[PDB]
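So you can see what is in the structure, the chains are spelled out below.
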Amino acid sequence: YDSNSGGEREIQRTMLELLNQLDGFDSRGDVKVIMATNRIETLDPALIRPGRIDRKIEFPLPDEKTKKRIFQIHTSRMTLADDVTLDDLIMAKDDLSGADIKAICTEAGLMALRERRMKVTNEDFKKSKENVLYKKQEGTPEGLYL
Amino acid sequence: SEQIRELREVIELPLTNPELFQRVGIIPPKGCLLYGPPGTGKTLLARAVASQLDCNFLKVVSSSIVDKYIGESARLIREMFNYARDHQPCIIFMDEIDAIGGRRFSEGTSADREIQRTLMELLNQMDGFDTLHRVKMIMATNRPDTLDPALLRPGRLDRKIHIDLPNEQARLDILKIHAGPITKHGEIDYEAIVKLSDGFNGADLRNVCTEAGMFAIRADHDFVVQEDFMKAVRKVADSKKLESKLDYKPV
Amino acid sequence: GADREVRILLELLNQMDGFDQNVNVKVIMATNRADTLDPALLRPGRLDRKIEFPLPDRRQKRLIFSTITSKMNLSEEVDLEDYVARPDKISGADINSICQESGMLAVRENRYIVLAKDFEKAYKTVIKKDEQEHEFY
Amino acid sequence: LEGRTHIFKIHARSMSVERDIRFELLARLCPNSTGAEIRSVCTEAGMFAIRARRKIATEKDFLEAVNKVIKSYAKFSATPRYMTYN
Amino acid sequence: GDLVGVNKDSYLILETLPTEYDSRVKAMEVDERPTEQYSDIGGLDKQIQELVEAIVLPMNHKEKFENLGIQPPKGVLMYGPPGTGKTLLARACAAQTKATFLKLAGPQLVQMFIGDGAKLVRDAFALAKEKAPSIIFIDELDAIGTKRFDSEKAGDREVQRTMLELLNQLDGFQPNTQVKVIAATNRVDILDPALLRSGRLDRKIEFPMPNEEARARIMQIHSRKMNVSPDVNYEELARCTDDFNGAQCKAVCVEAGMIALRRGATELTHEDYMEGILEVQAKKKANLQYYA
Amino acid sequence: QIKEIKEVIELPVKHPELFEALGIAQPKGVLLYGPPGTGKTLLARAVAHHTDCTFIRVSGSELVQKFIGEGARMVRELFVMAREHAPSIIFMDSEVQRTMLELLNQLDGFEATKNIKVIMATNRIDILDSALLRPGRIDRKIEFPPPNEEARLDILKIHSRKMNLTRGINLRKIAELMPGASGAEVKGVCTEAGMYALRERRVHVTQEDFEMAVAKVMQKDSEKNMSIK
Amino acid sequence: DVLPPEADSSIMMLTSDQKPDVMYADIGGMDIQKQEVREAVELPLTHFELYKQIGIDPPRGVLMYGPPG
Amino acid sequence: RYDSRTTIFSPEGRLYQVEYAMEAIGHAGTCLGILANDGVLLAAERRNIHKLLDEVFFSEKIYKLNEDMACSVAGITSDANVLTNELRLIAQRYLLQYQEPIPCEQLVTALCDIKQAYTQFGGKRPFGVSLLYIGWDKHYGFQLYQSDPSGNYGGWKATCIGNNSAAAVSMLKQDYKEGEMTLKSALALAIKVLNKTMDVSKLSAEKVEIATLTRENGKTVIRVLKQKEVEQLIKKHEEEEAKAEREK
Amino acid sequence: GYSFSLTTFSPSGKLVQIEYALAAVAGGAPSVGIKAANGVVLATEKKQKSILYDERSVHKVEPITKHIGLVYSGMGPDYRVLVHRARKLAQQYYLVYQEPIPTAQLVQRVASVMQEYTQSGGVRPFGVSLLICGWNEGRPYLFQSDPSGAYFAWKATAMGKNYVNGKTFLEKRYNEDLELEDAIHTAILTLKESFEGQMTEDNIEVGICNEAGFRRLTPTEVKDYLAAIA
Ligand SMILES: Nc1ncnc2c1ncn2[C@@H]1O[C@H](COP(=O)(O)OP(=O)(O)OP(=O)(O)O)[C@@H](O)[C@H]1O
Ligand SMILES: Nc1ncnc2c1ncn2[C@@H]1O[C@H](COP(=O)(O)OP(=O)(O)OP(=O)(O)O)[C@@H](O)[C@H]1O
Ligand SMILES: Nc1ncnc2c1ncn2[C@@H]1O[C@H](COP(=O)(O)OP(=O)(O)OP(=O)(O)O)[C@@H](O)[C@H]1O
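As they're listed, the protein sequences go chains V, P, H, Y, R, B, Z, A and W.
Quick note on UniProt numbering: the first sequence kicks off at 295 and runs consecutively.
Quick note on UniProt numbering: the second sequence kicks off at 153 and runs consecutively.
Residue numbers for the third sequence, in UniProt numbering: 280 to 285, 287 to 417.
Quick note on UniProt numbering: the fourth sequence kicks off at 348 and runs consecutively.
Quick note on UniProt numbering: the fifth sequence kicks off at 148 and runs consecutively.
Residue numbers for the sixth sequence, in UniProt numbering: 149 to 241, 259 to 394.
Quick note on UniProt numbering: the seventh sequence kicks off at 141 and runs consecutively.
Quick note on UniProt numbering: the eighth sequence kicks off at 4 and runs consecutively.
Quick note on UniProt numbering: the ninth sequence kicks off at 5 and runs consecutively.
In short, the hints are calculated from the structure, not lab data.
Only true hints are included.
Below 27 Å or equal to it, Euclidean Cα-Cα: the simulated DSS-like pairs (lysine-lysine) are: (1) B/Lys385 / W/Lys171; (2) P/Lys182 / H/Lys341; (3) V/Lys430 / A/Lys199; (4) V/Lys423 / A/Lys176; (5) B/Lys394 / A/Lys205; (6) H/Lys351 / P/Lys312; (7) B/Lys322 / B/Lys154; (8) H/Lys401 / W/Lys53; (9) B/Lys338 / A/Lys239; (10) R/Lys266 / P/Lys220; (11) H/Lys409 / P/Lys397; (12) W/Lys165 / B/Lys385; (13) V/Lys350 / Y/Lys402; (14) P/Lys383 / R/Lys209; (15) Z/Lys192 / H/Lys330; (16) B/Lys389 / A/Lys210; (17) V/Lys396 / B/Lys151; (18) P/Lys387 / R/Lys351; (19) A/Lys187 / A/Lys229; (20) B/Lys338 / A/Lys210; (21) B/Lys154 / V/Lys429; (22) P/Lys312 / H/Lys404.
All chains should be modelled from the sequences, with the hints used to inform the complete structure.
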């Protein structure tokens with residue numbers, strides 16, 4: 295970093311103070327501490343070791359049974375032509391986040407309300423999911439999978 | 153004497169008289185590069201120039217420039233060249249250029265790119281916008297192959313002059329300079345040394361006379377006997393076994 | 280590593297590629313080989329004078345001769361056109377090295393008279409190397 | 348193996364378990380571990396003793412504790428699912 | 148570069164401080180001078196002789212050199228296995244030769260904070276030009292004598308500044324024969340060729356393995372002050388030793404002290420020497436799988 | 149793409165409550181990635197000049213090792229700007262990961278003047294650290310292709326308009342000769358064509374100046390005897 | 141008082157004379173590049189209205205490429 | 004220390020060389036076969052359209068293999084020429100075995116096994132060449148197939164080449180013809196495909212190639228057609244461009 | 005028992021050592037080959053490295069058949085080997101068919117041989133592109149191979165130093181219809197185009213292919229023509 299002294303020997307000392315103060319002495323008693331990352335590789339294992347951190351909880355991307363409630367409740371506050379089926383959206387994308395559900399479920403209203411339509415046709419869900427998901431690696435370049 | 157005289161022509165003349173160049177009109181040259189086997193007295197020849205002009209000698213070992221920073225090397229280069237811009241008849245000498253000159257390959261490393269940028273401080277700052285005025289650059293290396301061919305164009309460095317192994321009046325006359333402060337007698341067969349030698353530099357004749365005198369300390373011969381010189385020839389010509397790759401021919 | 284320095289790419293982008301419009305006419309950058317840029321320099325729109333500058337050639341080579349040999353004394357009648365009719369490829373800066381080696385070679389003789397040996401020995405001190413001709417395939 | 352059985356004794360007596368179970372099977376299940384990790388195993392059998400209403404910890408609470416910590420907690424939850432051996 | 152007393156008001160240079168003591172160096176000067184007579188050096192007595200002829204006599208009689216009229220020697224290299232004994236010349240020449248013993252180590256030329264290699268070196272020898280101008284012991288010079296490179300993102304371009312500043316400040320710049328360079332490297336092949344040439348370190352004094360009786364000898368030096376039962380045959384011990392340096396002679400002898408110390412014996416026992424001979428089978432293991 | 153700009157910006161400019169009457173949230177930035185700004189400096193500057201307060205292009209990457217984090221650790225000084233100048237739009241081009266994460270500390274659902282309009286733009290590969298590349302972090306993501314011969318023709322009308330012109334010219338030939346610019350190869354052809362009319366004493370600028378200008382701008386294919394594939 | 145400038149960038153244009161002069165009335169063989177730099181520097185600096193009746197542009201940067209020498 | 008990979012998996016679950024072979028495929032010229040019942044055609048793209056050539060070969064991508072079967076090609080040339088010599092050796096070998104020509108698929112599977120043996124082992128570079136298959140039999144009539152470096156083969160009706168032909172395949176899904184075996188419908192259709200997807204201005208005949216393969220009375224003749232009818236196909240297709248600009 | 009290739013694809017997909025072999029070819033020499041209306045004229049400019057070398061020993065223009073001449077692009081010691089291969093291969097055609105081989109057959113076979121040498125790795129590929137000519141059945145022919153196993157066909161084709169310069173000089177200078185002496189005329193015109201000034205009867209060396217057959221010309225008639233051939 296910029297606003298910094300000698301880099302390898304600055305935050306080693308601060309994270310060292312975290313290692314001493316966090317779960318060294320000073321009797322925990324009842325002090326809850328929860329930390330969170332996205333990746334794992336830069337983690338010094340000296341805090342990963344037990345005593346200090348006890349549970350390491352991963353997160354998968356949700357399955358289709360849980361998807362229907364997120365798709366449904368993200369669409370719970372919008373006018374929608376309910377003849378369309380969400381199950382194409384629930385089945386098709388395999389590794390969505392909930393922000394993909396959010397982005398599609400707002401984007402289809404951007405396509406219907408793009409033309410002042412209160413309710414949403416299925417093709418606005420088509421342009422919605424094709425507008426959210428980009429660079430679908432299917433054919434072209436190699437597409438060896440076919 | 154060819155190197156003394158012609159290198160004397162390329163160095164000493166435009167400070168003694170640069171106006172014969174101006175009677176011609178043509179700008180005098182800038183610098184040269186000595187090569188050959190290592191330790192043949194390139195540094196010693198530079199010290200002979202250091203005895204000749206006696207004025208403005210800026211002699212750098214030219215590998216202590218990269219400490220661990222990037223432009224600190226350059227900043228020392230700029231400061232030295234500004235001091236050379238200050239004083240008119242400045243003389244530069246550099247040795248072991250290959251630790252600071254180097255060669256530009258494809259960039260995949262991370263520490264001689266510093267030698268590429270520093271090398272470009274040499275590429276600009278041997279020319280600059282302002283030419284250097286009476287600032288000679290005397291260059292000496294052991295391998296002139298791995299230096300940059302961008303450096304190897306003339307004008308920056310005019311000529312690459314070869315320095316060989318010592319011949320027999322170089323071994324002998326340099327040996328007799330080394331045979332000066334010696335408590336000898338009318339005994340000294342010098343060709344026992346020289347013909348039993350096979351090319352030995354001025355410091356190698358320091359090795360011959362010095363360690364021959366060390367054999368004169370052996371059994372405490374306060375005088376100097378000739379037979380210890382052959383013993384020094386045995387020890388040093390014996391000690392040539394560990395040394396190979398005798399030459400680097402540039403360009 | 281030193282990707283931080285690699287500040288230089290976004291420096292030349294953020295400060296040059298984006299327009300001043302009224303100031304700093306023609307920063308000039310120069311070197312033979314270009315694996316450096318071009319989306320940012322020679323651009324649609326940016327190219328108002330962003331012009332590539334290729335090499336010179338003949339028909340001025342003897343004018344490199346004519347200008348630089350006016351510096352020396354020229355003896356009286358030793359001619360100069362005689363040597364560019366041929367493949368030489370002796371890139372401008374090096375005609376000056378021809379004049380310094382040739383002229384200063386006559387200064388070894390300390391004579392300002394310049395004759396054809398100054399041509400021939402400055403064909404034996406300069407670009408004579410590599411391989412004059414391979415001339416097959 | 349048996350220092351680990353000793354630590355099984357240590358973190359076994361220090362909590363509410365059932366005294367009708369074994370631990371050499373668990374020392375077989377622990378190739379390379381610290382006694383702090385053994386304590387994590389004993390607290391994890393404590394966690395299964397929270398899920399079900401258990402205070403006399405069965406063998407199976409420790410079995411799912413080790414199959415948790417060493418196997419379903421090594422990287423993700425799947426080091427096995429191939430037989431090829433047995 | 149001096150500590151001076153200056154007025155707060157006039158800003159006049161008032162006095163020179165007698166407190167320029169120089170941290171670490173003046174602490175690097177060994178003032179205790181532990182004793183080591185030459186009875187401890189067993190097996191390197193020719194190296195004692197060439198050692199004294201190389202080093203001790205330039206301290207005493209340069210008229211022995213310069214009535215003959217050549218030069219004194221310049222630097223001696225000690226090398227071999229690291230239990231053959233490189234401290235023995237340091238403490239032996241410290242106590243026996245009456246001059247101020249100065250020492251120097253290898254990693255004592257590497258500080259994270261950089262800027263020159265010319266302060267600790269140049270004020271260490273320029274320190275030692277007066278109050279120690281006869282004895283300087285460099286140790287593990289192979290730890291800093293590293294064969295240079297032409298490569299990128301790897302290696303050191305520093306250190307050698309300290310060492311060519313060592314040669315630079317010491318020799319050439321007012322060349323005075325008021326210094327003796329003593330270096331004891333474990334290995335030679337890492338060192339530069341520009342560090343060993345003819346006047347950098349003049350001699351290459353190798354130390355071979357203690358063959359049999361220098362193992363029994365130096366092992367007996369360790370068992371000189373310890374209570375040793377007379378049921379000890381040192382030739383049995385050091386003869387059944389194979390490939391020991393004196394680091395391992397010392398290791399076997401002190402481990403005879405400790406194995407003899409386990410059961411609480413009143414003195415050392417030959418079995419405990421024989422137990423040290425096999426201090427946990429060097430690398431231990433002992434799987435007799437596949438050897439049957 | 150301008151209509152997408154109307155979506156991401158102008159309805160949260162003009163009628164944000166008519167959009168929020170539905171009950172969902174707003175997009176923030178378009179990630180205009182293409183040839184170095186392809187209708188981007190004069191595009192988003194010229195258009196969002198006309199929102200009268202609501203575009204404060206701090207440009208967000210200029211001295212990047214100094215404008216970001218050096219002095220402004222939690223670069224939220226910018227965010228205090230954008231709040232206390234609530235009509236604003238922020239633009240940008259290991260610290261980058263840090264400040265990235267404080268962007269994500271504010272803009273993940275914790276927001277005062279609603280979305281501002283944070284926008285980054287870069288090109289050619291998007292292999293920055295992908296903890297930004299979640300779509301819930303940057304909603305709109307718009308590539309910039311080379312414009313077509315219709316669009317190259319239209320820009321050819323635009324920067325061909327202000328010149329001294331010679332009647333009897335076909336611009337569809339010249340836009341046909343284009344391989345596809347990033348915006349304004351038009352402008353280079355106009356400047357080299359008028360430069361051909363400048364070095365020569367010319368005040369009529371025929372199509373030939375433009376075609377020689379195309380030949381100056383567009384060139385360099387070579388090296389046969391490698392016709393594998 | 142307010143001083144709007146500050147000292148320099150690094151070297152600041154050499155300010156007088158160190159310009160080495162050999163380019164306009166003296167140069168060996170660069171007529172393309174001399175010609176174009178002349179077209180692209182000197183004619184912009186005076187004839188700004190030739191950039192008006194045709195209405196072309198101001199000039200901008202440029203690149204050179206040539207072997208060392 | 005000298006094994007690059009030559010026969011190995013990714014440390015995950017894929018293959019190293021075959022991906023890069025597909026990276027070498029898409030940077031080439033473009034061919035196509037069309038849906039035709041009465042014969043079948045192929046269109047190709049003349050790489051290396053420099054003018055000082057000779058062009059006396061009468062075929063560059065097309066290789067009429069046995070009597071009533073040909074093939075386009077895309078990739079490294081002479082490797083595939085070895086594959087044509089081998090292929091005609093195999094089908095002509097089959098003809099030597101039976102005095103009956105090949106049923107046109109097991110030849111293709113055989114060649115897929117040939118490349119496949121280089122995929123598993125051999126400690127070498129496989130063939131990064133994909134190519135086409137046309138012909139006729141007693142059991143399915145005129146046939147269309149596609150080779151792969153993967154050892155797979157596609158039983159196609161409208162084929163595919165790389166990046167120059169991805170939008171072509173989008174066009175063929177957009178302009179799927181069905182029932183019409185009229186070859187000139189595929190000629191103006193393919194003139195639209197190479198009119199768009201190839202960057203050849205106005206579809207010059209010297210950058211393209213067309214060859215058909217039609218049933219004739221028990222011969223199943225192959226037409227390596229000349230260039231003047233290609234020229235009137237250009238004028239006819241640009242006349243269809245005039246028909247396209249009637250709507251303005 | 006090594007050689008399970010040596011060649012891998014680049015991450016781009018290309019083959020690096022082949023491109024370095026093309027670098028070894030193009031970093032060599034310039035010579036010239038021109039197909040005329042009646043025969044094909046091949047020409048080198050073989051100057052010795054010293055003033056000592058006999059030019060009656062090694063001969064760049066080499067026939068393979070009595071109606072087929074050929075030159076190469078690279079080094080002699082490879083060239084003699086692949087020449088020996090092509091000679092024996094032409095003998096195989098003549099043993100089978102008792103008939104003089106058409107040049108395109110040598111193109112396919114020899115080009116496939118060099119393609120095999122690109123294939124494996126314990127050996128380098130040969131850094132030679134061939135310039136093949138022969139007046140087979142009325143039409144003369146001129147074929148340009150590569151190190152990488154392919155081939156071409158030219159009305160005239162050169163290679164090496166200033167190959168775009170001599171190539172465009174053939175594109176400007178030469179045309180479709182010439183004669184033999186016209187092809188030697190523009191062949192010397194493109195020969196001295198980038199050669200040195202010293203071009204004698206022993207520097208240049210020409211072999212032609214009439215429809216009557218190959219004819220390796222001598223420095224006698226080369227001295228008769230190239231003594232100021234314009
Ligand atoms: N009902 C749900 N079921 C499954 N997933 C959900 C649900 N609701 C929200 N999500 C997902 O969880 C996320 C909640 O916001 P989150 O804090 O993860 O974003 P973030 O700040 O980018 O996280 P991080 O900074 O850790 O990447 C959303 O991105 C959404 O995709
Ligand atoms: N040509 C010479 N004339 C006189 N003395 C010489 C000559 N060459 C070498 N010497 C003697 O050799 C000694 C060392 O010379 P010098 O320092 O130049 O070696 P060097 O050439 O610098 O070697 P290296 O560059 O390989 O270290 C000097 O003391 C000098 O007296
Ligand atoms: N495809 C296009 N569509 C609309 N306008 C365009 C297009 N291409 C260029 N322009 C116009 O060109 C002008 C400059 O475009 P832009 O700034 O993208 O140039 P650029 O592509 O960034 O050039 P460079 O990267 O070489 O500096 C803009 O004002 C824009 O209106």
